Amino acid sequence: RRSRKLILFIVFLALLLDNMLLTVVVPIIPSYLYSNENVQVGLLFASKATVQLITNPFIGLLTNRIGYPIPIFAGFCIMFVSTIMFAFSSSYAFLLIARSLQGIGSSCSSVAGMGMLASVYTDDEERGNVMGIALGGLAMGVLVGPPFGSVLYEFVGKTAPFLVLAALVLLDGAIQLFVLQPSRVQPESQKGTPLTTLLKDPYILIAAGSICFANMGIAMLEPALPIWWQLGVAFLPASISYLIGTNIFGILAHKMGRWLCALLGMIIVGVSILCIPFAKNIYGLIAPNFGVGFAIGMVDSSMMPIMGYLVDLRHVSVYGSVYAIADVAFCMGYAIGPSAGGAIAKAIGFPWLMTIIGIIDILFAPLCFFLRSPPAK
């Protein structure tokens, strides 16, 4: 009733449905907008990520205090509510409210799920493979969001995508209730490491910063696009590379040494974003997006297991707070990317900002090298 494969499949389907509900509202954004960079789409991107950043550490403490399954089930009882709220959203305020709920549900699911994955798969290699599979599920969600949403919303109606996603969610929630059975509390054995200590560390800082700055590029590029069939096939070149990269490096990273794969993933992000401006909409902006996605997938699949590795090598073997920190770093892009990046743009323009990002990415790339051999304690 607790085989590792089942929990891995849980986290897979969790991140898949979460990101599908995330990106399925894209064909529904203009239908609430019209009724450079955008401000309203910026707020739609912001609110959820900001609430996720607000709620990640508190979830990382809740899991250590009552267990993982109850957080995961709270996530899957929230997402089912946010989906219905979406399905019954007319104005802008209700849209933002539903997005923030969805954000709390996401934060919950992602943090507690990565924590359970690191807690079950105790060994390394297998944990690398497992994190790769989970991020591949996330990628599959990002891929299957836009086209599914577009086709349904354009075929039968605008409520149907949200309601079908609600049904899929409910099925996922039932599966999870069968596999995990959170009907009883279960606190972890050891007292978790104080978050202040985990944050004072250099190495977790370096890994989290690498994730954050490898995500910031594609986080600032998207909410400022020529859009808002160019809407459904908008985010295909990014996700079709994210998946192919993560579900290949998750299994072939430890053999090379993550430190090398992380450095290469940051370099590739940099060289892709730097070349973004040399493009047009249909012909140009595709291939650089593919490079960006492949590289950020490499970086994510290389840096997600390291977090648990660092904690096992230098702290008490608990996985909640550290993966909450990793998720905070990953999602900080979409909170300070649209608004602050939008202001930087409207001051200087996007053909300049992307270069700046590329510079900071190429500078932060060799800083991963200090993830070669962290001295234990």
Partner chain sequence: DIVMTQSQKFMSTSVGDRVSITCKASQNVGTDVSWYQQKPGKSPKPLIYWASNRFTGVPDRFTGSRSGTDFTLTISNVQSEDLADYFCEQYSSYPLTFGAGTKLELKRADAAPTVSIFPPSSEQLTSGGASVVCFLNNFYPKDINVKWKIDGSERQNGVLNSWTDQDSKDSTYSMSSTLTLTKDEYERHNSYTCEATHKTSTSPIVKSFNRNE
Contents of the next structure:
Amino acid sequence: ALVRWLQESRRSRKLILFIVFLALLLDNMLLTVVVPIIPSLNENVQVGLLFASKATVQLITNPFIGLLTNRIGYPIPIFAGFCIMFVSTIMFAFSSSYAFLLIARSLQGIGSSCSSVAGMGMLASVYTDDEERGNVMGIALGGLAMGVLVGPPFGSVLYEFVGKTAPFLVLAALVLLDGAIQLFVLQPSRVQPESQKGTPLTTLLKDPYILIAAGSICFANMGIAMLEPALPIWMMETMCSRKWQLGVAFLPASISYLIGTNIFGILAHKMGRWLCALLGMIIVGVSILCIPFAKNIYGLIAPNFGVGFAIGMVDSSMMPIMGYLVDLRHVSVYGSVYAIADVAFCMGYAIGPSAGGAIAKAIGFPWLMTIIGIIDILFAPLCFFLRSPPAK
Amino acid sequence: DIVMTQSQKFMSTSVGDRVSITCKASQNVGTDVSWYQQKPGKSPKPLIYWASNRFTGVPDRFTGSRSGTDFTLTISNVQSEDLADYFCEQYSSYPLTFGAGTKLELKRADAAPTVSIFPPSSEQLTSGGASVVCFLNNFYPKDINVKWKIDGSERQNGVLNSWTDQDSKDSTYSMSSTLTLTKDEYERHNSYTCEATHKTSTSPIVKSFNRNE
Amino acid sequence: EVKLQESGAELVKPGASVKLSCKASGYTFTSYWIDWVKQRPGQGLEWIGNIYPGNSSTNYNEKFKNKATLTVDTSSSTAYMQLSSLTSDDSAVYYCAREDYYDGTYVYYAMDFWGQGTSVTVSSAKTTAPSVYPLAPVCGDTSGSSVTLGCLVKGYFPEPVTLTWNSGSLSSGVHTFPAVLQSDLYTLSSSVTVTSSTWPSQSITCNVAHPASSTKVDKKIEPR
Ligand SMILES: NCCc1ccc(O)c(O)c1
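Can I get the form solved in complex with its partner chain as well, since the one above is the form solved without its partner chain?
Zooming out: every chain and molecule, the one shown earlier first.
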């Protein structure tokens, strides 16, 4: 706002949440703007590799950043993720080959891993209260929904009204503004190793109560990851829908996520996080089961709403529970426990398009949806074990 | 403004017990509350920041918790160096507001005060001033009442009271009450009395004298 | 080592301004905020204001806008607070504190270093020599359990007065009460409890010394 407000105020912890939200929003906007422009060895191999590069590289780089945050601190990885994201945006703006696009996607994956892991660990470290941690984590998770909701129209408007490189140049400018905001809250020039050494990643992966939450997130997000690309193909084949209907059919699934992540961050602590996740998994299963029973565009409005709402419920309930569990049963170091959560998010986006296409070609879209729904419903009862884990 | 209400001004504890100090917010301050400890002859130092985190160097005895708008500082194993003042601040919204401090004190058996009365000295009388002094020493319950009588007059003017902090060796209190009168007024009356009302005895302890002595 | 040093005490006439100093050492002065706070005896702390020595940007409590003015001298790394049109309500202890940032960030979490307070007293009185009076027990009253004595100090304006019994020989049963200000003059009293046989045989003397106005009076308590 006004320079007077900037120069005369106590820097609150809400600035860290704002930084995390902005970084996640810009990351998702960059991820979503590129997709309409990608078509511009075998072409089937090239397209699949280009689609899976970002998620695969982020998945590979998550644990290293998790250990790095403990070794040196959060702000330096946050700033590094910033710099890598800006370089990736510039490379997208000024490239025309295929190898350069692949390199840009890989760099974006590295930067996204850094930003997500470091920011979520930082938020967990500065917000040790369960209720406030849940609230801030829901607010931060709303950034993904905001980005995936704003990206496509922004890219489409800037593509034909100004030029091809205009969306990327504008996004790079927004990134520069984000870094300008970042430079006034952090000190990305000093190494600040944490006081206590966290538990080994192998020890955390042997904890049943962490694996359950990670599997909840993974199985919840895999359904949307496999449904997002497969739905337009089925709609074109069956409903003979037009070009804009393909875009607008999936709009409720993003609006409902945006609503749910913001609203349930508060209600999860009141109603029981285990119960919230259980109900979210059941609702995702039922909605995905009901998706292939629609014959018109109007039949896809309610199931998509349910899918998005319940995925938001699951994410906002099981995001703070990782920090809660590591506090309850392990050492209160959050760098390496949110790497597991990020890997759970990234697995579905990595293996979504390829597996979804293979299964849809093999048995069909309705059978794929039925499989996803049955898997989610069967996994839902496992959340009962998170209501009262044994203490340390 | 946000008023941070700290309920009890003085609290009595024992070495090895557990003590809890409460601070209630007014307009939903969210974990933006800090706790400070001020030793009897030193400047304040922070103990708890962000309402739950313990400052570096603070022992593990001190802990902080929040339940809605209520903030609690708990000392699990009170020691001899934990007797000090504790206060809470909120910085969620300007201006900063501090709760009224809470002082930790030791506990001991009740002791009846020792009452002594002293008439004006000869040197003061030669200067035209008269002062009658009453010392109330060595009583544990801090709450004491004093009352002056001149032939049953119940005077409230000219009474000057001074209170001592808790004794380090004995953990007991003392008080002095001075009645200042002019020489002419002092010479007119005959009997003077100082009486103390305390928890230990329902009947007040009286110490009286006569000018004719 | 971080250190904020303040003046010990200040004496100011009613309706006059005072300038309190807070000298900072052991760190870069222009990088941390400085907070001025007020504590009135028997009451809670009151926040007066913020100042940032770098930008010289201030924050004031709306209750203290007219009374307090915060300035900074960066050449000598000093923070000044000026109080204007002082009244008897302004007699309090003023504290200077420094705000610390969370490690690796610029967010505030606590006031880690405080300076010792400055005791400002607003009185129109002048320096006066104290008057000491020996308090002997009432005539008769020859109790065998114990006998108590005392000396009364009256009429001295400057606060610091030291009272000792036999030049520190007696310190066991000696009770000394805090001075209290009435009619712009302080009053002090102390008592010593000794055995019944000691006082008639062994002399007891109350020693009072006034630093501000050089005066040392030794009074011998004698039976009435
Ligand atoms: N964890 C994010 C899940 C999500 C939500 C909405 C979307 O539109 C989408 O593609 C993905």
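Heads up, when I say rigid core I mean the largest set of C-alphas that superpose within 1.5 Å between the two forms. Residue numbers count along the first chain shown, from 1.
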Q. Which residue, chosen from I244, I286, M85, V179, moves its CA by 2 Å or more between the two forms under a rigid core superposition?
A. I286
